[PDB]
Each structure stands twice: as C-alpha cells, then as structure tokens.
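Colleague: Here's the letter readout for the chains.
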Amino acid sequence: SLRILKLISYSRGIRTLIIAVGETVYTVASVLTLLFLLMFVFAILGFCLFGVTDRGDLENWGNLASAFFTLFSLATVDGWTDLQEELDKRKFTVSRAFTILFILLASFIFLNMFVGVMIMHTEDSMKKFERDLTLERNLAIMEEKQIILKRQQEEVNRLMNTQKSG
Amino acid sequence: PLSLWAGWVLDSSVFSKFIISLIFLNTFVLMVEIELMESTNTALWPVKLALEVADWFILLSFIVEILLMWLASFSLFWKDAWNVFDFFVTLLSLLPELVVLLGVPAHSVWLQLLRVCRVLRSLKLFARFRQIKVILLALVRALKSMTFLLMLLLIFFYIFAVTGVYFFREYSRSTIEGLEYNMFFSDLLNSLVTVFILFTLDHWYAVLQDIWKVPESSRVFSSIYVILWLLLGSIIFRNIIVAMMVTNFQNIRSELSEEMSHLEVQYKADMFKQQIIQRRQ
Amino acid sequence: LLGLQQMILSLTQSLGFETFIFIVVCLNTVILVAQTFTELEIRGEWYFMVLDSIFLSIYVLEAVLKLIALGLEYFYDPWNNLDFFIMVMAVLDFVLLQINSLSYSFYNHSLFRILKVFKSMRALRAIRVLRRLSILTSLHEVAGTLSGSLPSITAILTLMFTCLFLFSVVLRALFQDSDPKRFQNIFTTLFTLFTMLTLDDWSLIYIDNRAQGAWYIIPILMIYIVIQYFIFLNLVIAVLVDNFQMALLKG
Amino acid sequence: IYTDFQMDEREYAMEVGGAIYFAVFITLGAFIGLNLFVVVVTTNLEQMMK
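Chains as they are written, first to last, in the authors' numbering: chain c, 150 to 315; chain b, 94 to 374; chain a, 337 to 587; chain d, 242 to 291.
The following block holds chain c by itself, in its conformation from the complex:
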C-alpha cells in the first residue's frame, strides 16, 4: 500500500489539490488536540464516576484503553444505545444525564466545528487562487491589447512615412 501511495504520488493535479489543502494541517492538528483534551477530561471523569467504585461497568469505564474507546464511541453516534442500557443498571441515575450532556457537547462541537472550519478554509483558499487566475488572465488580455495597439501605431507610422516619402 505504501508502494501504491508512491504510485499516486504522481498526478500533478492531485499535487495541486494537496497544495491547496495543505495550509489546514495546523488547524486540523489544533482541533485534534482540543478533541484529545476533551477525551482526557471525560476519561478521568468517567473513570472517577464508574470504575473506582468497582461495582460493575468494567472494560467500559474501567481499564484506560477500553474506556478511551468507549468514550470515542460515545462521542460518535455508534453504540450509545447499548452503552446506555449497560450503564443504567449500575445504580447511577445521573449517569444518563452525564452521558447525554457528554453527547450534546462532544459530538456536536467536534462535528460542527470541524465542518465549519474546513468549509471556511477551503472557501478562502479557493477564492484567492481563482482571483489570481482571473488576474493573470486579465494581465494577458491587457498585454495582447497593448501589443495590438503598438502594431497598429507602427503600421500607421509606416504608412505615414511611405506617404511622405512618395
């Protein structure tokens, strides 16, 4: 697959797309760091809420890797129904409120913020490129017009010189 990636390393058109989308690396890294911080905050919160009491709910808010994976699933839409049915039997009524608050924070913030950020970044990156292309076409048009005007002036001067000398 790395060899196939070296194959697709060609196609200067794809290269231009890569250049046009390459200025958002810092932005997506910043959003990824924010999302990682949110995972860390709710990871320690879910551990302190369900795994320290050690009365069940193991490998969902217990061990660190399984807890992180369950938090990622809860930040997405998948698995939330079965996770809720698993957690509501652990004698924790406010766990449902905490989980729906976590959903309405994490899922909405991550998805909508990412789509908005990328939408503005690509719109403003395409806008300047299209403006520059139209500007270069404009300079080409004015250069052609100036060349035509110079040729017409030279022809008029040559005609006047021939009329004067004849």
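Don't take each hint at face value.
With a straight-line Cα cutoff of 25 Å, these simulated PhoX-like cross-link-like pairs (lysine-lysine) come out [stated by the list, open to error]:
hint	chain 1	residue 1	chain 2	residue 2
1	c	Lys276	b	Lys237
2	c	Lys277	d	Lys291
3	b	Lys237	c	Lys277
4	b	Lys226	b	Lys172
5	c	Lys276	d	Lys291
It should be emphasised that the hints constitute simulated quantities derived from the structure, not laboratory data.
Following the hints, put chains b, a and d in place on chain c, whose structure we already have.
Modeller: Here is chains b, a and d on its own, set in the frame of chain c:
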C-alpha cells in the same frame, strides 16, 4: 403530416394532458398489482387483470409514441441527448412483452429492472419544475467539478482497504466457535464492504467489540490503525466534499451577482446614451 | 345587526380577546400540562376531563364568536382555518361521547387515541396563542432567516421523495421470495428504506443477508445508500449554509 | 425501539400512523438541528475571518 403532425401533437395541450395523466395513472397502478395476485377477492380478480392489461395498453401507447418519434428526424434521433436514453428505456419496457410471449419466464426474467427503468423514466418525464431544474443544473455542474476529488476518495479507500485486509487476519482466520462478524474480514470484497461500513460509521462500537474477541495483543497497532482510518477518512472526506459544495454555491452566486452587476451597468449606460440622443436631437 | 354589529364586534373583540381569551387559555394549558403528565393522572382522572370539557366549551364559545364575527377575513388566516378544523373535531368527539349507546368498540380504542392527539394539537394551539407577547426578536430573526429559503428545501425533499420511492420500488422488486417478512408490504418497505437512509443497522442487514443466498443485492443497496446519503446531506447543508450566509453578508 | 413498538396488530394498527408521524418528525428535527449547528459554526467562523 409527419413532422408537422408531431409538432401539432406536441403543441396541443390536450395530448400533453392525456399523456401525463396516463403516465401518473400507470405509476399509481403499477405497484398495486404486486400486492395481491391471489383469490382473496374473486370479484376484483378480473378487474385487476384488466388493470395489468391497461398497463400493457400504456406500453402500446409507448409504441405509438415511438411512432410519433419516427415521424420526427428519424435516423438523426439515434444519437442525441437524454431523449435517446428515454427511447432506450421505452424499448426495454417493450421487451417484457416479447419475453413473456416467447421467453417462457420461468427463469431469471429481469422484468423488474425494466419495470423500474420505465418507472424512473416516467418519474423524470413529469414536466419537471423550475425549482427542480435549477438545482439539477447545480448538481450536474457539481458532478462536472467532481474531477479529482472522487479519484482521491476511491484511491484512499483502495489503499486503506488493501492495508486492512491482512491486519485483522486472525479475526476471520481463527478457530473461535462463537463469532458473527467473521464474514466481514474474510475476502477482499468483504474487506471492501466492511471498510465501507466503517466509512459510513454505523455500529463501529459494536464492530470493535466483536473484533475484541481476538486475543488482545496490547492493541499496539491494529485497533489504533482501524480507528484512525475510520475517523480520519470519514471526517476528511465528508468535510472536503461539503467544502467544495459550498464553494460551488459561492461561485454560482458570484457569477449571478456579476451578471446582474453587468446588466445594471449596461442599463445605466443605456439611459445615459438615451439622454445623449435626446440632447442630440 | 349589520356593519354596526361588525364594528361593535371588532372593538369589543379587541377588548375581550385581549382580556378573556388570554387568562382562560393560560388556565387551559395549565390544566392540560397537568393532564398529560403521566404520573398525576392517577392523582385525579376525575377532576381532569371535567375541566377538559369545560375548557372545550370555552373553545367552542370562541368558535361561536369567531363565526358570528367578520367571517371571510378570519377564514383567510391559516391559523384560524386550523382553529375551525380544531373546533370541528372537538364538537365531533364531544357529541360522540355525549350520545353514548353506539355500536362500535370503546374503552381506550384507536378512536380514543385519535381524540387524544386532537386534544394534543388543541394544546399546541393554546401554546401558540399564548405567545402573542415576547416571542423574542433574536429567535424571531433566526426563524425568519431559516424560513427564507423554502423553495430550495422543498425541491430537495421532493428529490428525496422521488429517489426514496424509486429505491423502495426496486428493493421490493428484487426482494420477492427473499424472506420479505421485514418489508412484506408498502409501509414496511418504505420504513426499511427510511432506516436505510438513516443509517440504522444496515451492517446488520448485510450480515443477515449474507446468511441468505443472494449476495449482489448488497453492493446495489450499498451504492444506493451512499449516493442518496452524500447527495442529500451535502445539498441541504450547503443550501442552508448559504441561506444564512447572505443574511450574514447583509446587516 | 422499532422492534419494541412492533407487532401492534402485525398489519397496520397504530404501527403505521404513529411510526410515520414520529419518523418524519425525527428526520425533520435531526436535519434542522444539524443544519442549524453547522450554520452557527460557519457564521462565527466568518466572524473570525472578518
């Protein structure tokens, strides 16, 4: 006659009303007949047969429609715009009559594909509104702008799928009796299907828990690989496609605004030259 | 009692509609949100429907006043047309309960639930007529800018209806004698298509269709899913983003 | 939930009516909410670029 008759029957509003009435009657009748073909109502059995034969009569109306089409430019119409696709669909809708007259359809009839083809042709030739055609023009120019993004999407799908074929190999190729997602990661086509499922992101939690039945080798490479693939691919591709879509809308509206601005400038110049002419007189 | 009655009705309608209607509708929605409330109905269930019938009588008095009022100008208002429909169904169910006897099924039937949802949309009307004051300008502007682009969203939802009907037709056609117990009729077929559009256990459908003998139906279903899902979300997201974006560009 | 309220009468009952009611309500509310969320986000990001 011929082309003049075709122009007259296209211009007449009674013929257009009749053909659109027959079209939506046929679409409404079509899915009724598949509901019941038994002796639940012996009184409505002959009239249901008569309704199916009325559908055959709509097919005959399609043959006289292609006769009116022969009254047009004839050989020039064999290579044209979407009208030739409509002609091909009407031919494919005439085909089931032949394959039930001589084909003995106790086999793979494929009558349903031709039926849905004529249904979509009827649903498209329904005198589509202005508010349909403007967004359809936007969609087709959007798919014209879909030049390199789609090959980027399919090639990233290709590389990630062929990478993930031999990563959870010990999932399907294990001797665990109790498992139900083993079919997902077995074949290359199965790998394509399951990474497409991961791309749509449905029950990724349940998929991960079902792959967790593999002996956990400290999750150092495989689980992080599939999680990063699903997250990055889904968010990046959905995001770049929506960003290009809003960019298409932006440049469509920019072109419309600059056309209106040029029209207003031309109107200002026209009124200024009208004042110039009035003073010159 | 002609035009003189009409203008007297206009002035006294302004006065008594500001005074009487507000307080009685406030009491109506108070008793109705106490009525729904599926814990306190057993702490009651006898002081509830008597007040419900009393306030339905108040609402039919509102209907009688609106009928004796100016008329056609009232009928021009879609909300008042909804009021007329409300009161038609209210007098219908009231006389149906009043006549008693009858010959059909009762004791919390489907007709009773129809009357219950009629009471619910009556409660919705009470809520919508209490908000004559202080609807708040921020969400007023938000709702106006949201409702500005109505043709575009109607076009896109019409395209969904056409595409979903086509996909349901072709799936029902290809699914004959193919354990169709989940989609044996029109409603179940369209509901399975709705789940297909809303990403609910389509992986489960793939894995329990692999247990069947048909395999080529899975790529077709997959490609239909992805094209309809991509195309619709992208169309609506862009349409509403620009719909608020010219409002952003303005003041 | 669909299987939970399934088999009211096995043919139509309320299983058609209430289901299509809350299904169209769900799809309209979900689309409107997601659209409004991304609209507010892109609005405040346009404010940021301004």
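Colleague: Take the hints in turn and mark each one as holding or not.
Modeller: Hint check results:
1. With a CA separation close to 19 Å, the supplied pair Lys276 (chain c) and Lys237 (chain b) stays within the 25 Å bound.
2. A C-alpha spacing of about 15 Å is found between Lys277 (chain c) and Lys291 (chain d), which places the hinted pair at or below 25 Å, so the restraint holds.
3. A distance of roughly 21 Å separates the Cα atoms of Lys237 (chain b) and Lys277 (chain c); the hinted pair therefore holds under the 25 Å criterion.
4. As the CA atoms of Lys226 (chain b) and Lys172 (chain b) are separated by approximately 23 Å, the hinted pair is consistent with the 25 Å bound.
5. The straight-line distance between the Cα atoms of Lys276 (chain c) and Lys291 (chain d) is roughly 15 Å, inside the 25 Å bound, and the hint therefore holds.
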